[PDB]
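Undergrad: Here is what each chain is made of, one letter per residue.
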Amino acid sequence: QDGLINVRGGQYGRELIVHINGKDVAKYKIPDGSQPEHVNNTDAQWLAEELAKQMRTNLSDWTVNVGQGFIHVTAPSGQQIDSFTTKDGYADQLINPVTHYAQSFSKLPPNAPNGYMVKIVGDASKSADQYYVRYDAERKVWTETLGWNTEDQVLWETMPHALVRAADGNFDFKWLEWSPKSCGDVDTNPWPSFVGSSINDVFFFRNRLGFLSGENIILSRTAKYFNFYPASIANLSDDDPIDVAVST
Amino acid sequence: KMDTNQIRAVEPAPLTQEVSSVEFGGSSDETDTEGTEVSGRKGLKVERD
Amino acid sequence: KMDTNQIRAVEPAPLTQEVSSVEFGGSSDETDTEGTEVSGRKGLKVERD
Amino acid sequence: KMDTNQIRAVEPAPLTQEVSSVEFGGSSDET
Amino acid sequence: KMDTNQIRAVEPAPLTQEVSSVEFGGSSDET
Amino acid sequence: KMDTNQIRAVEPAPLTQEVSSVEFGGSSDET
Amino acid sequence: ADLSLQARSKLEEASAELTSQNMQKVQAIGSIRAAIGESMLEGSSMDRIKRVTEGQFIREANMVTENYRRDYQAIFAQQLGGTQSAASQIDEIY
Amino acid sequence: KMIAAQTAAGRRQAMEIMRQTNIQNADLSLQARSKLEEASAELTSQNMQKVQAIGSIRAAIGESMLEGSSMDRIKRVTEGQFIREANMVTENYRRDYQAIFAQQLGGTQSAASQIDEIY
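Chains as they are written, first to last, in the UniProt record's numbering: chain A, 150 to 397; chain B, 11 to 59; chain C, 11 to 59; chain D, 11 to 41; chain E, 11 to 41; chain F, 11 to 41; chain G, 50 to 143; chain H, 25 to 143.
Since the hints were made in silico from the structure, they are not lab data.
Take the hints with a grain of salt, since some may be wrong.
Said to hold, decoys possible - The calculated DSSO-like cross-link candidates involving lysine-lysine, where the alpha carbons are at most 27 Å apart (straight line), are:
1) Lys59(G) to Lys236(A)
2) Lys289(A) to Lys256(A)
3) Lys289(A) to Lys59(H)
Generate coordinates for the entire structure from the input sequences, incorporating the hints supplied.
TA: See below:
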């Protein structure tokens, strides 16, 4: 539904074309650059504004806003994009479309809006590295987050509870608040493998909270007792929890 | 015929101080969230008043 | 005589995004084929209904 | 330690990015 | 010696500094 | 482990490819 | 036309590197496939470490393709720069 | 008539020299964006090693069963090492930008003086 357009500088005189649902939306040609007045036409910010104004006229509602170096397009919730491509009139590095599916983390917009989800699927064939990252605006950094349509939490009602001594001396019997999964989708970050079976036993192996499901051992992270999920889809941290189902 | 001072007055685009990058999970630690991030037996212990 | 607009209108050949290579056997794994690729005792086990 | 030994033998490369730039010749005007 | 072994595997990079300089062309005077 | 030890000593070279570019001179026209 | 042939050269240099990284990919992943099978632990964690290591090799191929892509962009621009320089100079002749 | 043609040649010569330095200036601006990407890709690669290394450190301190302020320090320091070199990558990009920003400016001033001299 949402898209972005990078802006890089235009290089003085190349036709810039945007395709929205097959329409040549917001076609614009930078001038040659002979007069000093044309020098202002090359900076990235002004290209974002000018392309947006033409996009406003061509598109019905399609609320479009421009950041420091990008162009954000939002569909009117009636129809989706369904085709998002741009022509630089040059080598590709003038304006390239940014959808929610990037091939590489290198091929990512620097600016982006406040919250923008990207699935980096390096190879379509392979489960591989299909991790999601999402932009953070307060600090210009992309932080990986789990998938959009996935659910991150267990019920906490069926998960084991704890009897906790309170500060005043009396005793509380609460459930344990675990950690929502925050790395990937259900296919790439599977469930802790006890979410369908009862928990047999509880133990503390070397600084890890341990559960025995039907057939497989489940151990949490070393530091975090209630966090049964790996930290990152890529570059496993060697602290992440272990889930092994005894072969035999 | 151009303008003499107009060329000089033009200046390049200003500096961008910070470069955006991917921050993989596990880098963030010891934040100010009330959620349990304190680890080990330190988190489980509660003081008596 | 040429046409100075015609030279400018000419543009180089467009970008080729992907480059061909060889996948030696063993790179492909865990596909959607019904053929038995699941390995170990997991594949041999069958659930009860 | 079969898992730890063999994974240490993986060793993928960094592959830092490398870029070049465009050039324009210019022209000399006669009369 | 788990702490000593792992810290030895940390290996951050020094990344010494590098700087370049400006250039001015000059002009040729006619009449 | 005779087979594993010796094959580790094989070490063939990768020898990545290298290609150059062609050149043309051009001419200056008189009259 | 030289740079156009040079683009084709850089494509096949990158292609040769892709196969070279690929034949090490199958040896390294194939080596892991053995130990996972021999570990007799099985489970979700074992599928992860193969998945993560396989993810590293795919990132390797993506960057090689990316480096060629911007290699093409630089010489695509360089070809175009010569064409515009020729167009302006030809125009001044007349 | 002849003098008018020479002046018409003079301004058109100024047009091309200004156009040439504009193409070069726009070239370096795209090159600045490229160096930002190279620095950005390095920061992600350094971030990839950071979480593995820090994640590895967290594993042994947890299993060390010792805890305390000193063990919080060793993680704190080795995390600091990754940050300080991450800052230097950003600093090196700034040094690169300052040079090309200046180099773009030098071309504009060089073009300005030559154009003003023609007429």
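Undergrad: Is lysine 289(A) within 27 Å of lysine 256(A), Cα to Cα?
TA: Between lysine 289(A) and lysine 256(A) the Cα gap is close to 16 Å, so the pair holds against 27 Å.
Undergrad: Given the hint that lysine 59(G) pairs with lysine 236(A), test it: the Cα-Cα distance must not exceed 27 Å.
TA: 23 Å, holds
Undergrad: Check whether the Cα positions of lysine 289(A) and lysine 59(H) lie no farther apart than 27 Å.
TA: Given that 27 Å is the threshold and the Cα spacing comes to 17 Å, the pair holds.
Violated hints: none; the structure is consistent with every hint.
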